[PDB]
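What follows is one chain in structure tokens, specifically the form deposited without this ligand.
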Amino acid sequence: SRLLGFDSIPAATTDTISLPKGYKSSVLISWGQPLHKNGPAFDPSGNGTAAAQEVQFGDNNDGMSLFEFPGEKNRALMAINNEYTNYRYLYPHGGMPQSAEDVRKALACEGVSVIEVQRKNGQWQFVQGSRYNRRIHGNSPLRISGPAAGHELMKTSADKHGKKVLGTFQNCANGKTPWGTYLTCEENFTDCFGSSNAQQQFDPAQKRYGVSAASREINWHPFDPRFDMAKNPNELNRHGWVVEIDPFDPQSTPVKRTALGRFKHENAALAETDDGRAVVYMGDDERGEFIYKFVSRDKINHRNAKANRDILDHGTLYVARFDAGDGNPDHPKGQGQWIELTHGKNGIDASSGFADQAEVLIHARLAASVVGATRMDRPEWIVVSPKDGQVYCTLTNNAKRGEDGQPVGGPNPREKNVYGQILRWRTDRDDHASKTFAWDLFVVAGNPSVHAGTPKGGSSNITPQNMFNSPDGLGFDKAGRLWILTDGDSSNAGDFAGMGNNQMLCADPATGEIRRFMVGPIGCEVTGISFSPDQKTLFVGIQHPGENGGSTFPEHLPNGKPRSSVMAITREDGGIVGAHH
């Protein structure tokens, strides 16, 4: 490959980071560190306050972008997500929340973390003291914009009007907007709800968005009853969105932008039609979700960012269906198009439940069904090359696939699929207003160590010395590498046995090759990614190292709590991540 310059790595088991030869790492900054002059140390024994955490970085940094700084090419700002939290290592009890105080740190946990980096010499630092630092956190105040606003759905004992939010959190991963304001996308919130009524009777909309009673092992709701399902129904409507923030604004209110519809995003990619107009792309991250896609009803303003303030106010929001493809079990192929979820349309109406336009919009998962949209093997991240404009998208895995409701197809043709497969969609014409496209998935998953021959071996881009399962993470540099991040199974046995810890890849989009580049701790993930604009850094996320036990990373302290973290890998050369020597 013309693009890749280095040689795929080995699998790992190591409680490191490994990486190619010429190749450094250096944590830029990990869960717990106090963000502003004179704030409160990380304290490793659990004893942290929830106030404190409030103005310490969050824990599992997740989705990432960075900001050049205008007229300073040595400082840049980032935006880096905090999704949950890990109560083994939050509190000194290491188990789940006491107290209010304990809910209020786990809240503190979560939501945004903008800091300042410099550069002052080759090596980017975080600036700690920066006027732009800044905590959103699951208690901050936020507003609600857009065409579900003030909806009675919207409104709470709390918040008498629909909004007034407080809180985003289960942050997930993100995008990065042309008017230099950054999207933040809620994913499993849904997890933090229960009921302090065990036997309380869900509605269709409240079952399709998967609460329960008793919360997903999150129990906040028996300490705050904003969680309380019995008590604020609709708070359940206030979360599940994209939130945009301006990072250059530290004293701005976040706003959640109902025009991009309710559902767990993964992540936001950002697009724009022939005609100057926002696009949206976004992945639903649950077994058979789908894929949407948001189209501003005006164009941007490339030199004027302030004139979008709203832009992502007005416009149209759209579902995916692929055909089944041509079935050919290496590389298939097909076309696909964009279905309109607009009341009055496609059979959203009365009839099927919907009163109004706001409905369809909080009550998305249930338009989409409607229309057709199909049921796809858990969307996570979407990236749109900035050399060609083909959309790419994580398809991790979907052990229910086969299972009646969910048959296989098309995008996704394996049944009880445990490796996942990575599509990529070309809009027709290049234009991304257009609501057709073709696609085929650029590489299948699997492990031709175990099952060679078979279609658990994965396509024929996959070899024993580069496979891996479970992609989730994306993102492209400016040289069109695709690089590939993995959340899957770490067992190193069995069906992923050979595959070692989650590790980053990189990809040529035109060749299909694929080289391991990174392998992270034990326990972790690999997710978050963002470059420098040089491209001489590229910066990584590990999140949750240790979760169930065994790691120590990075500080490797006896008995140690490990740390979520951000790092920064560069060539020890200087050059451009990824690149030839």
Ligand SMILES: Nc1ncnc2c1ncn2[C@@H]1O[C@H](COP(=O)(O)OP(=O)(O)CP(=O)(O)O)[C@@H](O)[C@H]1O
Second form
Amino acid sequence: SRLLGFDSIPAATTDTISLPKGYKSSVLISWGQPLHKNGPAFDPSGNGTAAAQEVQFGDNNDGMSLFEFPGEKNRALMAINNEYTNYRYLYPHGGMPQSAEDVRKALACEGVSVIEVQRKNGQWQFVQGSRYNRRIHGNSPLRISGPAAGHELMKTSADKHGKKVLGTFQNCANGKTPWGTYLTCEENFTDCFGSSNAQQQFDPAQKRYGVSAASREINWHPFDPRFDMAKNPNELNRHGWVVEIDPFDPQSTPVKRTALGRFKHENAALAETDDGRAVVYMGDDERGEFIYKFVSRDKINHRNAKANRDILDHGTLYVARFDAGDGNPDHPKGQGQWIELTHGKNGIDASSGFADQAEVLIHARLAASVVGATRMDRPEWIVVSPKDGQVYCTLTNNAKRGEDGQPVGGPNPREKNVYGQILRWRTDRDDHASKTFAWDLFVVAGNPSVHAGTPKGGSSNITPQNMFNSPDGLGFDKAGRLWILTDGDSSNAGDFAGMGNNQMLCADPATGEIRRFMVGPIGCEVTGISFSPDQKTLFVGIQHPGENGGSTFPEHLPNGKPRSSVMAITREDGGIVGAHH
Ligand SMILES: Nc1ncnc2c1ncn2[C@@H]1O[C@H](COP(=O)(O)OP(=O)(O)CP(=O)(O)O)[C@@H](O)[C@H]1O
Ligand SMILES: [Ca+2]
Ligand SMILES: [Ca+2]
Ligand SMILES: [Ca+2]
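For comparison with the form deposited without this ligand, provide the form deposited with this ligand bound.
Okay, now the whole complex, with that chain kicking things off.
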């Protein structure tokens, strides 16, 4: 292969980072790192405070973007998401929150960490004390904008006007705008709400989003009533949005962009129409949910960044329908379309339960079902190829495929999907404004060693040497290599025998060839990806190392606490990551 310059490495089960020959890794930052001058040091005992966590690098680092510092090639900002927290390591008691202070500590773990990095002697390093360093957390005051801003369904007792919300949490993956802003995505936000009333009666919209009275083992609602649906039901509507952050302004207020819809947002892939308008592809990560696309009203003003302040507040939100395709078992392919989610069109009106456009966006999932969007196998990250504009999306898995309502077909070709697949689409005329597209499955993951010759053996570009499961993250480098990050079953047994720990692989889009590049430590998942502008440093996140107690990564101190870290991957020879030596 032209694009793949290294030799595929074996699967590993070790509590370390395994890379190919000539590559090295270094810790950039880890959960608990104080961001500010003379900031509180990380407390390994779990006795660190909530206020200290609001000024320290958050937990379970996930999606991230690197931003070129104008006029300074040896400086950059990185905006990094903090998705959730690991109670076993967060509290000394290692269990459920037991107080309001414990609840505040967990909300402090989530959100975004903006940091400055500098290049010293060729290596990028975290800059503690930088004026750009900032924590945006679960209690940070944010702004609401777009068509749903100020609506009755967005009003609460604490916020009577429906334009101010406390925080961003469950921050999964990201977007990087061409106008120098960061998009952070609220994914499993519903897990954080419960009800003091166990017999709480939830309405269709709330049930469709998956809220429960018990919460999903988070339990903030018994101590913080903002999360208690019996007391603040509409707080559920003020989360599950795409939030826009300016990393270059530490005194700016982030904005929830309600025109991009409300759902369990994984990431946001930027593109541009041939007439210059912003396009944002977006996945809703839940079994049988949809793939969306937002197109801005206005053209991107590339020459004046601040002229695009309100670009994501005006446009059209669409949802995907995929046809049955040709049924080819190794490489199925077909056509699809984008259906508009606008009040008054496609049977979206008072009769189907939408009084206005704000309701269409607050209840995007319900509006997408009305227009007949295709139910998918957990859409996770999306990426647009920088060389030809083809779009790639992971469908991580779907153990419910084949059950009543989720039939087997087109881009979801297997029942009880434990491995996943990567879906590709080419927009018509290579214009991102087109309402139709050709689709194909770039890869169908599987285990050819244990299920040779069957659908569970995967597509032909999966071999016993490169096999993996549950692809989640994706990233392109400038050369056009596709980097696949996994968040799967690390048992290394049964269906996953020979797969080992979670990994990162590299693929050639034109050939379909895939090669294992990295293996992560015990109990982690590999998520988050950014490159230095020169492509000589690949930054990757290691999330929840030792989630089931088998890790001391990265420090490996005696009886050590494992810490979610951001890693800097480089070549000893100083060359471009993934390229030939
Ligand atoms: N009690 C429950 N009821 C319903 N859905 C649940 C659930 N527990 C987890 N899920 C969902 O089932 C899927 C698989 O769970 P899991 O936590 O293993 O996935 P994940 O590790 O892929 C989360 P992420 O999307 O952040 O990577 C996810 O979409 C998760 O949100
Ligand atoms: Ca993910
Ligand atoms: Ca996942
Ligand atoms: Ca995960």
